[PDB]
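Structure first, commentary second.
Apart from one protein chain that is not included, each protein chain of the complex appears where it belongs.
Note that the chains are named A, B, C, D, E, F and G in the order they appear, and that numbering of residues resets to 1 at the start of each chain.
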């Protein structure tokens, strides 16, 4: 069984120690030839690499070009997010822009959103650089923390980015997982990932790409999109609800085998009319996923306690019937 | 119904806004005539008053006198905590000193312990100055956060302090509420305090004084003390297990009427052989405490949702049978 | 709100008092012109009408004709139930015939099956005559008791009966609701029927006709039938899995509006691949069914306690977390 | 592990087959020299021995002497049960006499009370003769059925009986275990008895003698008696609340070692102020009782399913969160 | 014919009401 | 006398074992 | 002195009410 973390503390020390001394090259990628980008990536990596849990996010400045590009994408998205987009995005985005300060003139930092989520939703942000493995990111995603980056795309290609950047997640990921239901949804994916074999690691990752990154929802009669990648690109949004790509009902097992493509638009999509349907299907998927154990999340200490003995089930119990005891007061004092 | 907070955010903004522009006088108290103490209290108040939630604790320096006094009390307590003290203190104190750094040479800060608790126990620390009301402190204590101060006693009287200080709680409170059981115990007291009438506010506060501040435990056959005030004074510890003071079994209703005394040793004490007995008795006490509502704690966002409708009970439910659903995996995958 | 029973006692006294002095005419129906049938119906009605709860079923004799007809249908059904039929029927029918004594030579009584069900499944049988209303039968079906009759079809028409008879239910109903899952399924239908308005009474009754009387199941890859009426007629079984009738997926709301036909084969059918799917869909159907109350079943006394106050929810609770307490022993003593 | 039953069916067939061909001698006991008593015991044994589960209790006649004696004890007890007796006895006895027909002129049968209990409480009665072992009776008492006898004491000694008789239980046992709480209490004792070792068998049996047969309750300020033996003898009732016998608080472990006496009044008694206290203490007693398994009771079929695998815990679960699902309707439709 | 048993309910029910 | 009914258990039980 | 902190509550509370 591959080693997996149990507390947020070792999510920091070892996954940054196993990933020490590793810069991003991306030379052959579009752009990334300007020296200023390399200097920025150095500063971006330095803040991310030596960051420790519990510490506030070190605020990073933003010069003229990034905000000027941030003008372009942010202005284009609000005029188009009013259509084609999921309903939960709308009141969230309005809630984000009025409180957190999602505006064209001011580029948002990471501390303000990080404070904003755990105030309501419970997700923390975390800077990172280099090549994110599949296992390190799911371990973070398991603990109700979303791994993130603070640098943005290249000014040469503001319409699309070779790799997900800051604006990709603060506009595609962050608005989505601020939801009560999807956060519980997103957490379930991470929960099944604890100690899963490499073959299984691919499966839910494809599901994560096929549900969180590109997912369709059916509410108010019409179909809408809630994918992170869907709500992070301009041309994708036009293609997403267009009649060219093939759209089918979501299926955990089916989405775990179907392949992908890169640098091109996606022609395959999965739709879930309700996030309740979304949870309880990969819920059944995790049921058939064999493991020598299971995993329980403790929100009182933000840790993971392993489950290979019926005894380990015990120190979860008095908490479980605790509410069913505390439900007495609420359902006694009432009336 | 008096106003009560629901999230950690308003625990900060209003309870520091209702308590703005209020310095501590304490002129007639023993000591507090040196100007350096007044200057220190200014610095202590400034750090405490303008502190905001989510921010790390601003580290405060400590000159020769406070640590030199910190030498005296810390050295005297370990040689005596080996006896007369609760068992849960012992492995906690050893755990605290080796990790957090509870030593005579180094005075502990607040960030390191604050990190240490929520790593395992889930309590945050919070600086404060001035006169703490009964309602503001219970609102903090409800949210699984312990209000605290960073200044220490006067060097003139290191044996006893007129008011609880930094060393009083980091040695009397902090070692105690690092426990799984007592933290759940301490939280229950805070839960009942939400919106309680002023008469009720006195009751559990006396219980807090009569259980957390001065409490006796019966384990391993012999009787031991776990009170915060009990394990914060040298002369008290000798008097606590001495045969002079009257010791009786703990009773929530009985402890809510019996009075106290100041500047003198306590002759009355309550003993609870098990913290499980300790929880479920004031649990019954809260049952007879009338309220126009009840209160539920949400650890996913560290907030409070009010309970005056059966509907409000609903958005607590799918979480409640969530584990009883997730208990399936742990109790299916096993065996 | 129409009056509805709460205990098995008043299921007997009033529903037989509201239905006193009412013989069945059925003169225009096929057959029913022989005097022996009228004399038999008198004896059948007498046993049924004056029967009281708790008493054993009075054994009724069976002369040459009924068993000779019972030879014909029973022999024809086993040679055909081996095909086209639900899997749960097969081991149940073999279990019934070996223990209860389902054979061609011996016609089964009612006491032996009544003993057999509550030994494993928990359903009691009850004789009845006359015109069964919709409300009286659902009240019985709610209490995990199945209303039944002991007389059989006319010898002139053994292939089909104008009204359900003894052999119809002991071969169509009894084999089905001996299942753990379907009994819980069947009970759920009855539970929603408590005090429901006349419009709602029609709905679940149509569902009862469209699920219990004629229902399709998809197991082992192929589709099978579990309807009571489906597994009670010879020609129906040939028509049921034939390609002429239209077969569609089961839907509670859709099945509640779609009409029926009489004296002719059914062309519309609903299929449920799993009885778990079958329960939790009309479960959602009952959610949108408005009622000024709800209903809970108590198996310790076989009674119904009304639910219009949160207080009434209380005397259900200590039972609910009783197992979650008794689950401790099973999940403690183990390992 | 000694063999133990799992369904009510084998409670009948084997425990009457292991106890075949065994008459009661009781020659040296007071009385029992009249031939009419021997002839009555033959008739009493015949009805009891060949009785099968599910069948109604065969009504037994009662000639002049038994009812004439039944006049004496019944008249003496009501004039004294108004004092010294438990509160739950009072409204139960009035409820019994008005409905079941507890009167001096008419001696009650067994079918009427048997119907009356499972109408509300859920206990069935069962005739028996000969020497009842410890294991056979607890197996019955486990299944929420009370083993009983229909013959009464000797007319020579109506004040006291050498062995418990019909009037002893219909006046000492039956009035007590008609309670919601005590029935759940009585059931808990039986539950722990499943497959327990012979040493353990003695323990709870002594508890059964020390709680059900002779138990004291503290309600309405004063102390009252609810023991079956306590409320079955005239002289005992005077001695029970008299100041001569020693009375102490109830303790499961303490009551399991303390001995008894025969043919003389008891000087030791245990008092439980609340039956809730009574349940949850032997609840903890069963926790420390080691077993290679545990036992769960299923009221839907009145059977016992063994618990030696976590899998066996599973087929108990969907029932457990079934109410927590059905609690939704009651707590949704309300308000 | 149980649907007809539902169809028998209401005219007798509503004519009693009417 | 049910305790004596427990006291009757074991000599018959252990002598059967013995 | 937290009980005195309860004892400080009410005269200020009731005199504000008064």
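Rule of thumb we're sticking to: a contact is a pair of C-beta atoms (placed from the backbone, for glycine too) under 8 Å apart; a residue touches a chain by one contact, two chains touch by 3 or more.
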| query | Taking the entire complex into account, which one of A:50, A:75 or A:133 touches the absent chain? | reply | A:133
| query | So which of A:4, A:151, A:208 or A:226 would be touching the chain we can't see? | reply | A:208
| Candidates A:46, A:163 or A:222 - the one touching the absent chain | A:163
| Positions on chain A contacted by the hidden chain, ascending | 131-135, 163, 198, 201-202, 205-206, 208-209, 213, 259-260, 262
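Following the convention adopted for this analysis, only the chains that are shown with their structure count from here on.
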| said: Between the options A-C, B-D or C-D, which interface matches A-B on more than half of its contact pairs by residue number? | reply: C-D
| task | Take the average of all CA coordinates in chain E, do the same for chain G, and state the distance between these two points in whole angstrom. | result | 69
| said: Averaging over Cα atoms per chain, report the distance between chain D and chain E in Å. | reply: 50
| Of all residues in chain A, the ones touching two or more other chains | 309-310, 313, 320, 324-325, 327-328, 331-332, 334
| request: Check each residue of chain F and list the ones that touch at least two other chains. | output: none
